[PDB]
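Participant: Now for the letters of each chain:
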Amino acid sequence: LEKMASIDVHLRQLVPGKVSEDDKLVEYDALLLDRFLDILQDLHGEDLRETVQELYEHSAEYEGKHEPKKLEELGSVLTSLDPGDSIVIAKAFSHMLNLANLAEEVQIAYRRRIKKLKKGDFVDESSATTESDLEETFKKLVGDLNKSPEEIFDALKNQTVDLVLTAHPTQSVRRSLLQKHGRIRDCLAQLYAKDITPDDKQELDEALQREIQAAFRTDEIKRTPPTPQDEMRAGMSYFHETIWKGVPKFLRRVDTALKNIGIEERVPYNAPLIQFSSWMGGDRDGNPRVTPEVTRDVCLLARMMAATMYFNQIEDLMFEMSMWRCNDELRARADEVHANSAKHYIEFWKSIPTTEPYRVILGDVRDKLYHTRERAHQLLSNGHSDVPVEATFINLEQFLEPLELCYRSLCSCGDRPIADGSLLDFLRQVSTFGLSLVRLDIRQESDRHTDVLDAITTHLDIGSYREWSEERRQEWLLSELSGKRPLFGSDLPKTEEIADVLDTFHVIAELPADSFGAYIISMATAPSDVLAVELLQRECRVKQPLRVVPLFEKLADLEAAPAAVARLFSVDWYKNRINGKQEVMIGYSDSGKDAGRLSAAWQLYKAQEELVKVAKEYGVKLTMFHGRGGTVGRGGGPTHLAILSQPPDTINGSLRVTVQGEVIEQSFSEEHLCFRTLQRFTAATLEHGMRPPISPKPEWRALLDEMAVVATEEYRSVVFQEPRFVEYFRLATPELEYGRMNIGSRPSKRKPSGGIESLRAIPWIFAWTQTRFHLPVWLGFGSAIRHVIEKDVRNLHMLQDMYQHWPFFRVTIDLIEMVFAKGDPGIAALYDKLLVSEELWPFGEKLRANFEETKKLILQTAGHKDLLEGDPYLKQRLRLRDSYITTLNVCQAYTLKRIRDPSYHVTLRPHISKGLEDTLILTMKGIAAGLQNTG
Amino acid sequence: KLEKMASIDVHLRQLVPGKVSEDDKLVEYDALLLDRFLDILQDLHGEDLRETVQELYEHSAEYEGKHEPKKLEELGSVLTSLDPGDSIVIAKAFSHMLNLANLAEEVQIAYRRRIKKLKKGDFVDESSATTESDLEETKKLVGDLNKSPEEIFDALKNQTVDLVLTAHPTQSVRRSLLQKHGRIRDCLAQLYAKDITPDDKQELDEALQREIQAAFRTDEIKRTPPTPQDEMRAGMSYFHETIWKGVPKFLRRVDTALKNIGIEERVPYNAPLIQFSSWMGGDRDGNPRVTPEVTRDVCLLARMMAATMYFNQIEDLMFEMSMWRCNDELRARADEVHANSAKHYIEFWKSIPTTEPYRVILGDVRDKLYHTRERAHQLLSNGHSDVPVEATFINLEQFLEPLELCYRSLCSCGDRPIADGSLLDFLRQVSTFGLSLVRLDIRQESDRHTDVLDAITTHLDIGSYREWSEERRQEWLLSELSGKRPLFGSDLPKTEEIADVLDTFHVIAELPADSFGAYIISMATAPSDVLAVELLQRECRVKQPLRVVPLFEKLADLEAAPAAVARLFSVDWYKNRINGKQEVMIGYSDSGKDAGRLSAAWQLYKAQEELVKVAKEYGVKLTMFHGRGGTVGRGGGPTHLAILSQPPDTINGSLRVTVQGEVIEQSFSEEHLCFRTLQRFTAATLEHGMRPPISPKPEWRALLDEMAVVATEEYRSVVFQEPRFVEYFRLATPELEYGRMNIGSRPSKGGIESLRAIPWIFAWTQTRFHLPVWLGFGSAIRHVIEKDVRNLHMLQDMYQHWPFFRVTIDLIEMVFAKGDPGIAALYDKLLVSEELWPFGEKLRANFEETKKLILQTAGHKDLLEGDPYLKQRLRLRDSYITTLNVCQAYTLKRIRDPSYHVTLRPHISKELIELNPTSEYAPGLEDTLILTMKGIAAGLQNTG
Ligand SMILES: [Cl-]
Ligand SMILES: [Cl-]
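Just so you know, the protein sequences line up as chains A and B, in that order. Residues 6 to 346, 351 to 923, 947 to 967 in PDB author numbering are what the first sequence lists, from first letter to last. Residues 5 to 142, 144 to 346, 351 to 758, 763 to 923, 934 to 967 in PDB author numbering are what the second sequence lists, from first letter to last.
Worth flagging that the hints you see were computed from the coordinates, not collected in a lab. Cβ atoms here follow ideal geometry from the backbone N, Cα and C, with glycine treated the same way.
Restricting the straight-line Cα-Cα distance to at most 25 Å, the calculated cross-link-like pairs of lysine-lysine (BS3-like) are:
1. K120/B with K264/B
2. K493/B with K584/B
3. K227/A with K359/B
4. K152/B with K625/B
5. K264/A with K5/B
6. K199/B with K29/A
7. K121/B with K199/A
Derived list of chain B stretches under chain A, where covered just means 3 residues or more per stretch with a C-beta under 8 Å from a C-beta of chain A:
8. 172–181
9. 218–231
10. 251–262
11. 303–312
12. 324–332
13. 427–433
Please model the complete structure; the sequences and the hints are all you need to start from.
Facilitator: Listed below in structure tokens is the structure:
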């Protein structure tokens with residue numbers, strides 16, 4: 006059985022050298038592949054195994070030389086498969102790619118950081134191999150920038166990093182597949198431990214094989230496109246995985262780094278340096294499956310999960326807390342708490362004596378936690394309770410109070426060191442996660458509020474709020490918000506939508522405030538959009554209303570935004586309600602859909618500038634919320650510089666970022682990866698506050714203004730002006746199939762009869778990411794760089810200066826370069842050859858030419874001769890995914906030809922040992961998991 | 005001025021000079037912990053207190069080095085001059101330091117590397133963990150003995166090792182202080198990882214100090230002398246600690262070794278290679294706090310704990326079990342289970362779909378486990394439930410069936426590798442721990458059954474069951490078991506004791522059979538003692554009666570025992586009821602109390618031989634139960650040879666041994682220690698079954714018979730014939746205080766005969782004298798050397814080639830290492846009348862004489878010449894124990910004698936004096952005595 010010998014050779018040929026000396030990646034991939042193929046042979050036979058192996062080898066050869074004959078060989082083998090074999094080949098390559106991801110994670114987590122590889126400037130911050138850890142970030146602040154330790158500590162207390170978890174654009178993988186990937190991960194890790202006994206290594210190998218098989222033999226589809234509750238259950242797995250234990254870990258690391266620059270204090274245990282907000286169950290923009298009851302469900306479920314974890318933590322806390330010396334205050338509370346009726354610790358002690366006061370108060374807290382979970386479960390499954398809300402914790406201060414009393418008492422008696430053990434960790438978990446783990450954001454279009462108000466104004470015989478000018482709207486809204494009479498009653502004609510909006514507000518009002526983050530207005534354009542939501546919030550009896558966050562999507566909206574926000578601050582009611590804090594959302598991906606990526610990038614930098622001017626004029630603490638698609642939305646290293654790149658004083662101690670679904674596994678599945686994520690967000694925010702990026706030279710801004718004009722011209726002329734574009738888009742791309750399939754819970758368009766305009770941004774990016782072409786990400790960059798080079802050769806020297814010294818520009822170009830690394834025009838041409846009308850082929854040929862030109866221009870701007878010349882580790886990792894993703898591409902393209910065209914009969918082969949829709953879904957989820965994030 | 009660290013480094017390095025390997029980091033560990041502890045002591049009670057404590061430790065270490073009595077005089081001088089507050093803090097301090105020494109010991113043993121080049125090639129290698137045979141090396146069977154692997158596999162399938170957890174003779178330390186000891190051990194371990202970053206090392210250092218202080222600031226007294234339920238709760242900590250996870254780990258390792266000798270199968274998941282029995286809540290011998298309700302309590306509690314652990318484990322199982330292809334039988338069972346109402354996993358899935366059949370059956374099992382815990386908690390807390398018995402698992406096969414269905418189904422579809430993961434671990438845990446984790450044994454005196462039958466015969470006007478000869482008793486008991494009429498009713502004059510015995514039988518009758526192991530008759534002497542218990546079991550309507558196990562204590566009982574068992578097998582009713590299985594219990598410590606240690610050891614070897622003869626004559630599978638005090642009761646390595654030492658065919662695939670309380674932490678607190686415990690028990694059993702120790706040469710037998718006669722004579726002449734022995738014992742030893750304080754129960758059942770064996774051993778272990786273990790050996794070896802110049806060469810032959818004799822001598826040698834006559838003399842000087850002084854003097858001479866004689870027999874010039882690692886660890890504990898001894902002796906003089914005024918010193922710094940307010944003796948003297956007792960106890964661990 007010497008077949009294992011071949012795959013080592015093809016792997017070593019795919020990535021030639023070693024990117025370090027702990028570079029064990031090719032070994033890891035070879036081992037996983039060998040064990041997996043042995044499993045495939047043992048489950049489906051020697052013939053199936055030989056076919057799959059020949060396919061992988063061919064794919065490796067293609068990713069080597071990019072010879073199209075290799076692709077035709079792949080096609081020949083794949084078409085000759087009846088759907089039965091097609092499912093097994095597609096499934097198999099999916100799992101193989103997943104294993105490659107696992108090895109990637111292990112390599113990254115245990116790679117040794119090389120201190121002699123730092124150059125000393127900001128470029129070091131674009132890779133995990135050279136980024137500044139927390140303590141290096143401190144020394145930089147204290148050395149170069151002359152900031153005192155006191156100032157660093159004070160800045161830290163007041164800083165908040167808020168990570169927002171979003172429902173996966175496709176597969177938010179089963180809560181069980183995290184677990185299996187974990188076991189494979191850990192087995193791989195220990196097999197290479199330089200301290201392993203032979204029998205331990207044997208049992209580890211058997212566990213590895215057993216779990217690879219365990220993953221290959223579970224189905225990946227069926228049932229419902231899981232209900233929002235199910236997808237939310239999946240999203241919360243990472244709290245069990247790493248974050249719950251990981252947060253006190255990281256915060257204690259902050260304590261140590263502080264001591265090493267002379268600060269004796271710890272970060273206060275009630276300071277919110279870390280926060281988690283979620284969209285799962287709250288985003289309704291173009292997603293009707295998210296009902297008011299869905300939101301109530303994910304809220305109560307969240308409070309349940311939190312109560313369980315606090316409950317199980319407090320028992321180890323209770324064993325720890327066996328001291329007897331205590332405060333007079335704590336002694337009082339213990340003798341008081343002793344006056345009551351101890352059922353949840355009979356296995357531990359018959360009862361708790363008053364000679365163990367901490368155990369008394371903590372056992373009471375354990376009881377209240379129990380009653381909290383039971384009440385939440387009752388309301389979720391029934392609608393009423395019987396658990397008195399007074400027998401539970403209903404707000405965070407009731408919970409923090411006894412714990413803080415313990416900490417005070419322990420410190421009084423000279424027992425602070427015990428306090429900084431399990432007790433401090435526990436307080437830090439309470440303050441970070443609260444009673445809900447996450448705080449749900451709500452999102453809805455502005456137009457739906459227009460509808461609700463139009464029915465309100467029609468029912469009151471005032472006219473139609475939709476016909477009114479923006480100023481008439483503003484005036485009416487102001488008068489009502491200033492007044493004291495309610496607005497409407499049960500007597501109100503409600504369409505299903507209008508009832509949906511009002512009912513959403515009612516459920517928000519029926520739940521504790523600590524469950525909710527922000528109310529987000531999609532397609533916001535004018536101050537009346539924010540005022541609308543504020544009034545609807547008030548007249549629906551929301552006691553403590555949510556902060557309203559406008560989301561400026563289109564480009565014109567972005568130009569009009571700073572006037573709009575200034576106008577909002579100049580109105581007394583909004584100024585008095587916000588309390589000196591205002592949050593605005595920008596959608597890098599959305600704006601990109603409107604006007605191409607380059608113009609959306611430069612416009613967002615400028616718009617953030619003007620917003621900060623306004624927020625300083627009127628004295629509010631502005632917080633920019635970064636939607637899906639940005640530079641700060643990438644995985645790992647690059648985030649560190651993306652954050653540092655943002656315009657000065659747009660962060661101001663409060664960073665709110667979306668952790669895209671495609672990146673969350675890579676960023677939180679493993680102890681080390683999670684630590685370094687929390688670390689680089691915390692450290693980068695802190696540095697950017699005291700060391701803002703350079704301000705751009707005027708010639709740079711003038712140049713980018715030109716390039717923005719040309720780029721939007723090209724992008725809009727191709728995507729919107731070309732009359733035969735959308736026909737091509739529906740042929741050369743699986744957009745229609747994605748819309749009809751059970752992949753995402755969302756409809757792809759806002760009006761089924763509309764063009765590219767009504768198509769949502771997420772399907773736009775996905776459709777072209779499946780074909781390894783990525784047109785939405787780079788289109789426009791070509792004609793911009795071309796235009797300025799022809800106007801004068803010396804502008805290329807200016808662009809290269811910009812790439813070398815202006816962080817913003819470097820991170821924009823870098824993202825593009827990375828997306829090109831995941832691109833292959835050859836595969837796009839194969840989709841063309843099978844799926845596109847012959848008279849439409851030159852269209853594709855021309856666009857691919859545009860591709861190659863833009864790539865050449867991007868490489869020249871970054872001063873590179875190869876893509877990702879600066880990040881060879883990332884280059885290696887992606888080149889290794891390429892070999893599986895390509896097979897999933899060819900399979901997808903022929904499956905499309907077969908699905909769309911029942912007139913394409915193929916000479917099948919005999920079925921291969923112990947249906948086209950399922951194969952297509954597999955190739956989609958696979959390529960999706962392989963390409964991860966682009967734009 | 006913090007160069008006190010140089011002082012403790014120098015004293016430590018003098019205490020243990022060399023290296024016993026090169027991964028020998030023990031003195032490093034001890035210095036590091038001690039330094040952090042002393043700094044904490046200074047920051048809590050002041051610089052002066054810290055300097056006092058450090059000076060005391062240095063003096064103690066210098067003493068354990070050169071044994072100069074001046075050092076003892078210095079320690080005493082400082083200790084008498086402390087007011088009770090400072091005496092409490094000094095005593096507590098040294099207790100905690102000794103504990104830290106034990107933790108460092110455990111880490112060093114767990115990570116010491118076994119040296120393959122150090123094996124000598126014979127059985128002596130089996131007396132230390134550093135050279136013993138692992139599972140696979142016990144390959145030995147295949148080489149030397151030419152046994153086929155198939156025969157080894159069959160032997161292993163049928164082998165059962167039954168470890169019995171017993172209540173601690175003193176402090177089975179709070180489930181809370183064990184935990185802190187765990188955090189300290191782990192912190193120590195990770196500080197020495199060769200890949201740890203500087204920030205990691207800083208945070209680990211602070212975590213260690215934090216937990217040392219946290220342990221120092223917990224009280225070690227107060228509350229109740231814990232109820233038997235509390236002691237049982239504490240005893241069950243080790244299942245959560247290591248054993249629950251440890252059993253599937255060990256069994257899988259067995260699987261690997263079997264693969265490594267060519268066997269393709271695994272050990273069947275339902276074969277009981279490991280079992281755990283318990284006495285906590287069932288031994289009532291001289292312990293009236295153990296009531297019927299106590300037994301009902303610990304039974305129900307155990308079933309609760311088991312249900313909780315299965316419940317939490319089965320959720321990881323449910324996530325794992327996401328397969329879809331399955332057996333036809335399993336698909337059926339899944340569709341069947343789908344017809345019902351999914352509450353215990355709303356956080357995981359809204360409900361479980363039928364395309365995940367395994368998850369369906371497993372979710373049902375999770376439901377049934379939940380209801381089992383709730384019903385047990387209800388019965389314990391009320392007396393009734395409302396949980397239908399049909400919704401819980403009441404016997405183990407109900408539980409096993411659906412899991413086995415999953416395993417079968419998974420194997421059907423070629424998913425055996427998935428089956429051999431979390432599912433196999435779960436099946437193995439089910440089979441090993443069952444629904445109770447442990448099985449409770451019950452124990453009671455024979456005389457207490459005699460009372461019950463005597464009141465019965467008096468109530469029926471037949472005579473007094475007490476007056477009847479052993480054969481008249483036998484006769485009546487036989488006719489009654491043959492009969493069909495019940496024996497008694499509510500109309501029966503019951504003393505309080507008799508009500509206790511009958512009520513215990515009724516409670517046994519009310520509980521499931523999986524809860525109970527064996528009924529053990531203390532002071533068994535004759536078959537009528539067993540027949541009484543069988544008859545009481547039947548007439549109290551115990552549906553499935555317990556197996557009855559006689560415990561033959563005294564020497565004459567041991568000679569008479571095989572006659573009794575032969576007569577018992579020769580009775581038709583008993584022969585058919587036992588079903589070919591008989592378990593007999595020996596108490597190495599009890600027999601030791603009767604006739605000296607040597608005579609009890611040899612007599613126990615011979616009596617086991619004769620019992621094997623009887624069991625073959627009548628075809629019964631005999632099972633010997635080793636009570637406390639044995640060679641097989643030691644910690645770690647030595648156990649391996651002790652088991653191998655047993656007489657041929659006395660084990661026969663069924664080993665039952667007592668895990669003494671003082672040893673349990675050393676054997677089960679840490680992952681590796683647990684693995685090697687289970688491994689040496691399993692491997693020793695398997696090997697001894699197929700490779701019996703050599704049979705003894707006839708001259709060795711005759712020689713040991715002689716020595717036993719002399720030794721018993723000396724021992725009894727001192728302990729029972731000297732009229733002033735009992736007077737001395739109450740002066741030179743804290744026996745009266747041990748009984749009068751709060752530890753244990755009742756020591757007397763009169764003189765030393767009515768004194769229980771455990772307080773007998775304890776009293777003389779506190780004063781580092783150990784008279785019960787060695788008394789008699791001196792005069793025996795002296796007698797045989799004078800009888801003939803050559804007998805010493807024969808004894809040395811025995812020590813080198815007869816495993817039994819080697820392990821007896823070896824245990825003695827270890828006990829002497831924990832001995833020090835100087836300290837005993839100090840106890841004399843402070844506590845014993847002057848006209849009694851020569852008595853102790855003469856006794857001490859025997860000690861020294863016996864020591865020299867043991868040394869010559871073992872071919873040694875120093876104690877423990879063969880086990881320098883153990884010598885090092887003991888040498889190191891002794892430096893704390895000695896200070897605790899002096900403190901104890903002066904505290905005794907102060908307690909017994911209110912006319913002993915001492916020039917006290919000014920109180921040091923901030934109090935512990937006021938945690939015992941209702942004390943009849945001085946403010947801090949009671950607690951100080953208790954502290955020294957618990958301390959010295961934890962320092963000397965096991966002797967005899
Ligand atoms: Cl109880
Ligand atoms: Cl639900």
